[PDB]
Amino acid sequence: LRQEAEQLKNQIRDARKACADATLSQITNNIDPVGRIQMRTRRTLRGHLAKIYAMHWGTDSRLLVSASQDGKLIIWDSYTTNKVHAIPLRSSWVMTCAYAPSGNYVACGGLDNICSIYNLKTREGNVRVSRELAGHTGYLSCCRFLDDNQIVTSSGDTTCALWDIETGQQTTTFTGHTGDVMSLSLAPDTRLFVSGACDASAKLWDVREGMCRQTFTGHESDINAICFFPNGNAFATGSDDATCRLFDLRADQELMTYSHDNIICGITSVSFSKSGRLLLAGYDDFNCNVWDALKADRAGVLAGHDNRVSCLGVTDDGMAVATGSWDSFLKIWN
Amino acid sequence: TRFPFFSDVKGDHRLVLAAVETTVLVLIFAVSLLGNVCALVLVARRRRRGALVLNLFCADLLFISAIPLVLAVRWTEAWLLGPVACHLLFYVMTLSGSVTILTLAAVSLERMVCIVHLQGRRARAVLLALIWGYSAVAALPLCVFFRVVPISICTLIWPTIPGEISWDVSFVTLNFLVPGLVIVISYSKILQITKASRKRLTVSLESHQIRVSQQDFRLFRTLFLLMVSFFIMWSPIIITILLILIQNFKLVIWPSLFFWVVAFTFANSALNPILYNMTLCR
Amino acid sequence: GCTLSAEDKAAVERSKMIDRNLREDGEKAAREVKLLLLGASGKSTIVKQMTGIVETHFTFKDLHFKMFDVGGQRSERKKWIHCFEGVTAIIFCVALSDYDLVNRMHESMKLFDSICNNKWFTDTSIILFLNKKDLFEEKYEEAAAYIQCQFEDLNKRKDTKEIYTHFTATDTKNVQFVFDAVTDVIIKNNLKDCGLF
Amino acid sequence: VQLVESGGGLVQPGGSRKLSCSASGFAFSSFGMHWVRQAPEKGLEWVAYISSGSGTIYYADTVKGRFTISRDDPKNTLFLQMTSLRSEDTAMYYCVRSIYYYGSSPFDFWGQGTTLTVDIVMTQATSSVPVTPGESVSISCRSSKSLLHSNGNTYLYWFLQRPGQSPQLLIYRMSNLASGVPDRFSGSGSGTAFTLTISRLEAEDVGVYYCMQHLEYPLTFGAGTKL
Amino acid sequence: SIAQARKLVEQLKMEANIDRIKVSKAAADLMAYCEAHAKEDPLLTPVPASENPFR
Ligand SMILES: CC/C=C\C/C=C\C/C=C\C/C=C\C/C=C\CCCC(=O)O
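Residue numbers (the working numbering), protein chains in the order written: chain R, 1 to 334; chain P, 1001 to 1282; chain S, 2001 to 2197; chain V, 3001 to 3227; chain C, 4001 to 4055.
Hints in this document: simulated from the structure, not taken from any laboratory. Check each hint, because a few of them may be wrong.
[Claimed, not checked] In silico SDA-like pairs for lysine to any residue, Cα to Cα no more than 25 Å straight-line:
id, chain 1, residue 1, chain 2, residue 2
1, R, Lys203, C, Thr4045
2, S, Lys2192, P, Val1020
3, P, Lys1195, S, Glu2152
4, S, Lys2110, S, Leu2063
5, S, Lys2079, R, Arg90
6, S, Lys2034, R, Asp32
7, R, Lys9, R, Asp306
8, S, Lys2161, P, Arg1198
9, R, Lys274, R, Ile114
10, V, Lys3145, S, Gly2001
11, S, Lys2158, P, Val1084
12, S, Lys2161, P, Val1182
[Claimed, not checked] Heads up, incomplete: computed chain C residues facing chain R, CB under 10 Å, no partners named:
id, residue
13, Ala4003
14, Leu4008
15, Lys4013
16, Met4014
17, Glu4015
18, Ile4018
19, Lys4022
20, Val4023
21, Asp4029
22, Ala4038
23, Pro4042
24, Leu4044
25, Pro4046
26, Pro4048
27, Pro4053
Just so it is clear, CB atoms sit at the ideal spot from N, CA and C, and this is done for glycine as well.
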């Protein structure tokens, strides 16, 4: 009956408690603090006329794609603040965007339950739709390219699906969440990915096998953002209860919590740095926060914006940080 | 037979009489400077985040720029400073005032046009450049004939009697009556549109309708105050201009009258920040 | 700038053309009137005369209207309702023939309290529709005034928004009333933009 | 993607003649268009240029004033108006499409060509090289000044013109390889001296090779190396 | 419902079959990566302005 499930859930907690010998508070005591760090808006990206919910950095750390409610995808240069491309979307209700690792495609999705892939390099000189993905009952919230012809999508129907662009059909379907799935993050080796849901829980998936490896709890509110550590052995979680925390895949625990009494708003986007000792979180009180990510102490504030910060992103070389917001502006910090 | 602008032999209690003028001028200058700097910086932001008033808040600052020279001229008899200053001191005032009036009229016209065509940058830019371009072409007769007769009193001397009166009528009509008629017509049309729309909507419905009276009263009070504020403190300068014209043609003008009127017109630069950008709570 | 090459100048020209196209599209997108349709409840009857997000298009007196139906989104509204922050008006449909049954009236008032006092639709007006009138006639004016006032009082921010109420007026009134409410909302919006209030 | 040209023929000197190019198969409204002519003697000469939005127009300092370039984006047609033709205007005229953003290929496609019968210096010391297939060849050309801009871009382009065929882009910005070109070709250089290296030469590599600079207008071509 | 319960308990048993390691070792391995990559962080350590593409 259901007694075995309760006993197994109790014993997995007992096994979890048998490994927590030292939390991530006493291990890092002799380490020098980062200290106060200041970033200035090197570039401001104007051209959007509505709320921005998603931005993605290119692989070359120069190009950038952003989405907004005006039915527009804009590709920026970010060095000379030019606009490489402007892609009009059929559905103006978009909440996610992606950039292919090869630089040949971009993806978008939202309330229309449709993931669209656009070809950026055609002989005709214009960007056109290459494939449309259908099969999600709920609205899509995140999409990330695995390779040139493989994408993973997260929707609001408590499911995650692995697609094949060539045939336009679901290759693998990931099920097991009891709430709306909000965020996705791909591992550096592109063999695993983590998923955040509105059931206050996140779990690790396997792309090849197609089944969940482990699940992580601890939050008491819906998860909004997720991202791995650069080494791929850890990931950070953002939720609406003003708390960010870090989980370890090998330890299957929660390491440190990044919270403060002055903050009561929710976290919308998170992102690490190149070395991993700088976690950046976008909050709902109109300013980003910069965290030590190893001592749970704030070390910077990005207060340039005048509305809710919705998306964050660092470059692959770590040279800059791009943030979007609900005031239709993107700012490059360095 | 020369009218001594900004110059009188006060005598008597010179300390108190000049002290009152100095206090009034200093207070007006300081409050106008503060109001306009804090009403221009807080409109720079609005142009920074999304989208005819910056021109007003710069024109009245240019207006109060002249206050330091008037305060110096009020002391030490009549016009110790050189003829170079006299040529441009009245030009800057007659330019800033005309630009202010034209800016008020244009703001009213654009407010009316925005709600008869419900909900470019170059058009507004060239319109502003034009208002200045006309006011600078029209206020030249003040700078050109402003000679300094020998005590020496700096009085404008006009070559011909028809020339004296023609510029006066051409500068009162196209600078006070046409802008005033435009502002009155625009705000009357705004009120008509609002009242008609609300009657049309309230033909079909309830005890909170008395709360619509508060809402309508607000707009009407605001529009009435903003209409009559243009006439209360821009009419005295016009009536003093005609009074000068009348006394040049024909029977007396109070010696220090002109300075006090100048002061009441100078109050425009302090006030317009409040009546056109009153958004802030305090 | 003299420090640019020829290709950089051509790229800047392309970026300027893109900017011009974006402005010329946003200008045309600012003349759409954005309506969000909600209910529980006769919404089909309200749309009859004139998968994800549903839409509808219709023209009345040179105004182009967008309606959105959210009945097909079987998810919690706390995640995607902020996308509609900025609509001209919110249409709400309530059927009067549910006062004595098990009670849809309490659910309707709870939904109204949740949507009218929502932290995002603080400045968005609510167009309120009593759909059922013939069925409600069976088991009058005092009761209708009571229900109207009862639905009206839930407005917590009683100053920044107005709740226009109709009594659908079987034919053709439904559109005209929405046109009058949209015109009034646009007019009062401009006074806020210009500061005339 | 196909450009068809018309307007050529025989014209008496001192007259006028209009050339038209009909674009088809691509978004002509987002491409800038050049005109490049070729005399019966081996060589290339840039003539004119019109921007994507018709806001920028350039000419070479030899036909400026008497030549007019225009486009009609509704009709997808490019025009070149030529007046007072001299005896030195006998050339084979080509239409070249161009798009300019970060990472684009500005000289990828050339037209079929039309015939009419009536500054930085790029030099190519080599004129002809006898060679057999399967042997690697190196083609090098020098520049009057350094082509490396401060932003890191070396504006050098490479073109191959097979006999009885239109020129084709191979290397753009002196490093990158054009699409549809086998990886046998490779480009290299440093500031002033540049070289083009071809490995495993095949029977389709015969032709004339030109190196073109794009640092500043007017664009200048090389002499041409025959293989 | 019984099939769903059986699938859930099988999935949870598979999730409970993975071994764990000491949290101290995981923290040490996490901090070693940060200690060995601090030189190439343009945000943790400011870059010279000459090598800054965002001047
Ligand atoms: C319509 C704007 C009127 C005045 C500009 C605003 C403030 C400046 C006030 C007065 C201008 C200075 C001196 C008066 C100028 C001419 C008066 C004597 C000329 C005359 O009427 O014959």
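Does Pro4042 (chain C) pass the interface hint, meaning its C-beta sits closer than 10 Å to a C-beta of chain R?
-> 5 Å, holds
Given the hint that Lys2079 (chain S) pairs with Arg90 (chain R), test it: the Cα-Cα distance must not exceed 25 Å.
-> 22 Å, holds
Is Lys2161 (chain S) close enough to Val1182 (chain P), meaning Cα to Cα at most 25 Å?
-> Not satisfied, since the Cα-Cα distance of roughly 32 Å exceeds 25 Å.
Interface hint compliance - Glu4015 (chain C) to chain R, C-beta minimum distance less than 10 Å | 6 Å, holds
If you draw a straight line from the CA of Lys2192 (chain S) to the CA of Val1020 (chain P), is it 25 Å or shorter?
-> Violated - the C-alpha atoms of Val1020 (chain P) and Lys2192 (chain S) are around 41 Å apart, more than 25 Å.
Should the interface hint for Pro4053 (chain C) be scored as holding, given a Cβ-Cβ cut-off of 10 Å against chain R?
-> Check passed: Cβ of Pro4053 (chain C) comes within 6 Å of chain R, closer than 10 Å.
Would the pair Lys2161 (chain S) and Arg1198 (chain P) pass a check requiring their Cα atoms to be no farther apart than 25 Å?
-> 15 Å, holds
Regarding the hint that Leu4008 (chain C) lies at the interface with chain R, is the smallest CB-CB distance below 10 Å?
-> 7 Å, holds
Pair hint outcome, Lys9 (chain R) versus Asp306 (chain R) [Cα-Cα no greater than 25 Å] | Judged against 25 Å, a Cα distance of about 45 Å means the pair is violated.
When the least beta-carbon distance from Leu4044 (chain C) to chain R is tested against 10 Å, hint result | 5 Å, holds
Straight-line alpha-carbon gap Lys2110 (chain S) to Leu2063 (chain S), limit 25 Å | Distance of about 33 Å is beyond 25 Å: violated.
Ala4038 (chain C) as an interface hint toward chain R, with CB separation required under 10 Å = Holds, about 5 Å.
Consistency note: the structure conflicts with the earlier hints numbered 1, 2, 4, 6, 7, 9, 11, 12, 13 and 26.
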